[PDB]
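Chain by chain, the residues:
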Amino acid sequence: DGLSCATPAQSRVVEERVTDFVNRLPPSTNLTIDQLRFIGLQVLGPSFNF
Amino acid sequence: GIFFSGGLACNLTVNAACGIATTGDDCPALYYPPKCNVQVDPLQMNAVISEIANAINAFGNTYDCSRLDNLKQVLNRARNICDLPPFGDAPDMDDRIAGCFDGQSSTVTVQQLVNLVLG
Amino acid sequence: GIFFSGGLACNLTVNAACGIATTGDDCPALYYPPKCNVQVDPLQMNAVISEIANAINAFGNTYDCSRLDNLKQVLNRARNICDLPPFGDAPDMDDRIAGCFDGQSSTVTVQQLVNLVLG
Amino acid sequence: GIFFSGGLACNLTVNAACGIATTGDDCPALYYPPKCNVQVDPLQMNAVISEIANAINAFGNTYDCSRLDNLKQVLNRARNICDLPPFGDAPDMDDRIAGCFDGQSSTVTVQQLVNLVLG
Amino acid sequence: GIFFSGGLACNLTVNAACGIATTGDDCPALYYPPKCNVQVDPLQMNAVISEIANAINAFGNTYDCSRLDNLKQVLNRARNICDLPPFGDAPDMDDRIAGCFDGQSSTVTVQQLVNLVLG
Amino acid sequence: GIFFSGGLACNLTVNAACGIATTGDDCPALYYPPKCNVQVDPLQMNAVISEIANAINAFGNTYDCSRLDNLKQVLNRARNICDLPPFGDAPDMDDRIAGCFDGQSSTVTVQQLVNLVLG
Amino acid sequence: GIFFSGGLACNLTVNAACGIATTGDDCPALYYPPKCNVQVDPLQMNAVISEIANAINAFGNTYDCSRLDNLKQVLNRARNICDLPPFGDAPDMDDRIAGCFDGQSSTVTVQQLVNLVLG
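Protein chains in written order, with the entry's author numbering: chain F1, 298 to 347; chain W1, 3 to 121; chain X1, 3 to 121; chain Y1, 3 to 121; chain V1, 3 to 121; chain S1, 3 to 121; chain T1, 3 to 121.
Just to be clear, a hint being listed does not mean it is correct.
Result set (EDC-like, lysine to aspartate or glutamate): computed pairs, CA atoms no more than 16 Å apart in a straight line [claimed, not checked]:
{"id": "1", "chain 1": "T1", "residue 1": "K37", "chain 2": "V1", "residue 2": "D66"}
{"id": "2", "chain 1": "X1", "residue 1": "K37", "chain 2": "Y1", "residue 2": "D43"}
{"id": "3", "chain 1": "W1", "residue 1": "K37", "chain 2": "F1", "residue 2": "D331"}
{"id": "4", "chain 1": "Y1", "residue 1": "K37", "chain 2": "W1", "residue 2": "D43"}
{"id": "5", "chain 1": "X1", "residue 1": "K37", "chain 2": "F1", "residue 2": "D331"}
{"id": "6", "chain 1": "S1", "residue 1": "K37", "chain 2": "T1", "residue 2": "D43"}
{"id": "7", "chain 1": "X1", "residue 1": "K74", "chain 2": "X1", "residue 2": "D85"}
Treat the hints as calculated values from the structure; they're not laboratory data.
Let the sequences and hints guide you as you build the complete structure.
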């Protein structure tokens with residue numbers, strides 16, 4: 298939520314990176330919200346709502 | 003009030019219902035705009051909080067923060083006829099009685115009631 | 003609607019009352035997570051404001067922010083019977099009349115009352 | 003509850019109802035201060051969403067997110083009398099009949115009406 | 003001990019029990035808040051262990067680490083009146099006999115049963 | 003319930019008494035697994051302490067936070083038939099009296115008692 | 003068992019009950035320390051769950067997950083006589099009966115009571 302405020306390039310790359318992260322997650326390991334949120338922060342900036 | 007101070011009209015945003023009747027050109031109907039860096043105003047939220055709180059305290063009831071259905075109980079007591087207290091005296095010829103009338107929910111005076119039943 | 007679309011379930015947060023009957027899955031009951039960084043969505047505050055306003059404008063009354071207790075007045079006009087317009091017509095065949103019958107609030111016909119008063 | 007936890011009293015902010023009757027110090031009436039570095043608390047907003055959800059769910063009605071007048075229709079169905087279900091059982095002697103009495107929205111037993119109609 | 007020191011009240015948590023009769027006011031019926039990262043206090047568990055251990059130790063019984071039904075055995079010994087000690091000497095007339103009279107478990111004096119049987 | 007939500011079956015862990023009779027598969031008996039990365043659910047401890055609280059209030063006695071022997075006191079009061087209330091009226095033939103018969107704790111009516119003694 | 007394997011003595015910590023009778027020192031009573039942080043052992047909590055659940059299922063009752071008073075019901079089953087089933091045969095002279103004697107929850111066999119009746 299909140300990804301429509303960004304330029305299309307950032308939205309596309311964020312979706313690609315989160316898909317890649319979840320697909321490569323090892324078995325027996327938690328999928329925490331902080332990890333996805335870090336993936337989004339590292340692209341959108343630290344003062345973006347996401 | 004509960005509307006945004008510098009908001010927009012009804013049709014320039016989303017989730018905004020118009021047709022709202024307000025008193026005078028002041029206190030207008032303005033809602034939040036769909037922008038990226040707009041946050042809900044605390045002072046505007048205080049209005050909604052106050053409206054809900056005053057809605058709870060209708061009928062002299064008291065608001066408890068532990069439960070999340072006080073408005074439901076108030077709105078139930080609204081329709082629950084049994085809630086209405088007994089009348090302290092005996093009726094007379096001019097008092098009115100609740101009831102529906104041909105899809106025109108209204109009140110009927112004991113006068114015409116006694117006129118129809120006496121026949 | 004008034005629910006944050008990117009939200010959670012009741013048991014996954016606090017101050018959230020689940021068991022909310024909805025007209026399908028397309029409008030699910032979701033709430034804000036108990037985090038210290040999430041922000042309240044304006045395009046939801048719009049829906050809450052629209053709900054309260056449409057409630058106030060019921061019965062033909064008009065909203066006015068000089069009085070933080072408009073919904074209180076609306077509830078009072080919703081419960082108080084007197085507020086009902088007098089039935090501008092003579093009573094007739096089976097115009098139903100309401101009351102707390104046998105414990106439950108319901109309505110009975112005119113003929114049902116004349117059945118007992120004739121006896 | 004629906005009040006801001008770290009808030010101030012009613013007379014120290016704006017748009018804050020004064021004299022709200024709670025159920026003890028446990029649930030104090032506090033509103034958002036007029037400062038700048040304060041944001042609407044998502045949990046406090048969850049409280050209000052839950053209250054409105056319960057109010058809509060009352061009277062066996064279900065929520066719809068495509069419409070913005072749900073609470074309005076609930077209030078209308080609360081006031082309307084033909085919405086009340088019809089009664090099938092015969093009214094015993096001790097039922098209740100509602101209507102205006104000396105300018106008051108109350109009810110009287112069937113005894114009063116029958117004893118008056120004797121005359 | 004029990005009733006976690008920094009806990010909430012009846013409805014503010016999940017699975018809480020209500021109505022808890024407590025001597026004094028400084029021993030409030032508190033429950034762990036249902037939020038992120040709260041950990042149960044060791045000391046509370048110590049108190050609960052103490053309570054369960056005293057309950058098991060009651061009636062002069064001893065605790066075993068290899069058995070997980072000690073409290074069940076103590077409850078069984080509470081029932082099964084055949085575990086009660088016999089009376090050493092001859093009984094007197096003012097004694098009380100247990101029986102469930104007219105649907106309520108009570109005691110009656112020996113004099114009463116002797117008068118009843120002599121009749 | 004007081005079991006862990008995502009726990010293991012009866013024989014897949016340690017310190018679990020299995021064969022527990024529950025009402026309905028819907029809520030099975032599940033215990034915490036033997037993994038080094040598990041934390042006790044505070045809601046489960048809330049359920050346990052709620053059970054102990056409901057148990058401690060039995061027989062009318064109130065809970066004391068300072069002293070820690072209370073379940074032992076309630077159990078003692080359970081095996082304290084001397085603490086039973088004396089009966090106000092006179093027993094009849096249809097009343098029941100409990101005792102150890104043939105080794106099992108059971109009851110018999112006073113009519114059987116008088117039939118036996120008259121022989 | 004329900005104790006802490008690596009705990010300290012009762013006198014060294016708070017909320018600890020001393021003098022707990024146990025089958026030798028191989029089953030010692032130890033508690034969590036108030037010093038350097040320690041998390042409650044999930045296996046010990048499994049032991050407490052086991053003990054409570056065994057206590058519930060006594061007297062042929064079954065555990066419920068919808069409500070949270072089960073142990074209160076079990077304690078009501080104890081100390082309540084007539085719940086005790088009736089005896090099929092007739093009370094023989096040898097059996098024992100209950101009753102408070104000289105302020106002591108003792109029992110006496112039928113021989114003595116029949117002798118008091120005949121005497």
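Broken hints, by number: 1, 3
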